[PDB]
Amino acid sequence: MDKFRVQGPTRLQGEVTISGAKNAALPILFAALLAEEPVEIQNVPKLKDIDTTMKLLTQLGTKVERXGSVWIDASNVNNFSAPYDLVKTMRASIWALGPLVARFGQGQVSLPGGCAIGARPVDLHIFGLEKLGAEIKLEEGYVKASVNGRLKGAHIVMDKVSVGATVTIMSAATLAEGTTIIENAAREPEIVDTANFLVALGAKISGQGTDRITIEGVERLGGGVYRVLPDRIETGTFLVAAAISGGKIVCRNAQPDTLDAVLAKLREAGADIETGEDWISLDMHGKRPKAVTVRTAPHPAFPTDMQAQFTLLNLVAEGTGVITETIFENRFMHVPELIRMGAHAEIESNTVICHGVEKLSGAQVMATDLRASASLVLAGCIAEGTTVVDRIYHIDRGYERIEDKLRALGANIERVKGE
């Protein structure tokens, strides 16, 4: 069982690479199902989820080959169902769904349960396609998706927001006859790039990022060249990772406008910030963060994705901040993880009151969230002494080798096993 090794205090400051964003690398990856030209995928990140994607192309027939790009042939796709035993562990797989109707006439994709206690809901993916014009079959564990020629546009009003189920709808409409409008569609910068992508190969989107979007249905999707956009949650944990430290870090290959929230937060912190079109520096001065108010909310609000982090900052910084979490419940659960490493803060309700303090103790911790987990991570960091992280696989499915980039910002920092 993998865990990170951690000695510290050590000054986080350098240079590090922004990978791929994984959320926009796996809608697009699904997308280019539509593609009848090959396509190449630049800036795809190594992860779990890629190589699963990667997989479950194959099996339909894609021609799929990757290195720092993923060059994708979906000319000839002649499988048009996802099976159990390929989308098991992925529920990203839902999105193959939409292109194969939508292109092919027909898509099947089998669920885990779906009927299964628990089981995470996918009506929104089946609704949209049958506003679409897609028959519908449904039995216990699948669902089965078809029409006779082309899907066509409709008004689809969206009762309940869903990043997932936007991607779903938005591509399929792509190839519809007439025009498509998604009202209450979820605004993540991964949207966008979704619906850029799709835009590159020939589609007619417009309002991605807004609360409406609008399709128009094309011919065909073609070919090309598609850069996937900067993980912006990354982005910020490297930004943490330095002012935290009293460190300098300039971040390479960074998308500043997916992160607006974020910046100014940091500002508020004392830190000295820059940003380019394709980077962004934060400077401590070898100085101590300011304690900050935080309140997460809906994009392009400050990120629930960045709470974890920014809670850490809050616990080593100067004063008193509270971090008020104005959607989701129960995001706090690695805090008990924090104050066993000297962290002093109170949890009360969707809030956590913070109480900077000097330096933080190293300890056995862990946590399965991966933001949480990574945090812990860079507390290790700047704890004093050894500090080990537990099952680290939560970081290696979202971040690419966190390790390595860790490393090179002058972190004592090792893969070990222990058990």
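Positions refer to the first chain, counted from 1. First, how it differs from the form deposited in another entry.
- Hinge annotation between the two forms, restricted to 101, 166, 229, 387, points to 229 (rigid-part boundary).
Having seen the form deposited in one PDB entry, could you give me the form deposited in another entry?
Only a single chain is listed, so you will not see partners or other molecules.
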């Protein structure tokens, strides 16, 4: 079982090329199920989640190929069920439900059980589909959606702001009969890209990025070539990494207007931030970060995907910092791990109180979150001594060659094959 052997402290410095967003390519790939023609998706990150989604697509009859881009061919989808064995490793699998029923009149997807980050029902998805005409049922764990002919456009208002359910409703609405309006929709950059992608295929969508997305059903979807946006999370992760190490870094292949909250939080912390059309520079000028307060929430607010990272930041910052989760009240696994490393923190419900310390100690930790767990690696880079990160399989899910990227920064990280 893979593991990380990290040794610090280390002052991160240098250059890094941000990969395509993981959370953009996922819904985009699932969206390709609709495409009736070959599709070329560019800038796809090399990561576990992508492997999983590619494999899933294959199970449906989709022709798949890959390098920097992914070659998708759905012309011959012959299967409509996403197997329990696969969904149980990636809840995102549910993304195949809407496209499948929207285009085929049918589709089945193992109903996702629990997740370590906490409660994550998919109620909004089904609900969203029913409103479109989908006749949905639950057989032996499988979500069975079925529609007689095309789906009908409807006026849907969302109980919660949900990236997942917005993509489900949006995507399926492209092939529906009539007009669909998603009120109280997610405004995540990844939603905008999934829509842009869809539009490129010949779909009719407006309002992407706003709280009101409008979809105009069409006959069918062609093929084409789309370019996935840069991963905002990766970037924020790299930025934080430099910011907690007194680093001086540059971000290539970026999109600054997706980090406003992170960017501002960083400046607040005390870093020197400059940005360009597709780049972002950060220089700590040899300074220890200043504690900051964070409140996760739907974009464009602070993203929970950066939450753990910022928690780390506060752990070694001067002052009392506060992190409050409003998206995943249980996304704290990292804390007890970082505390093993000499960190001081208190947990009160969805909030963690931070007490910065002068140093961190190398020790044995355990990853458990495909994104929060990165904080663990970041921790080992600035901590004193050797940190062994267990279960890095998590990180390989949301990070393309993370050790390589870190290494190009001066990090003393090594991958270990034998448990």
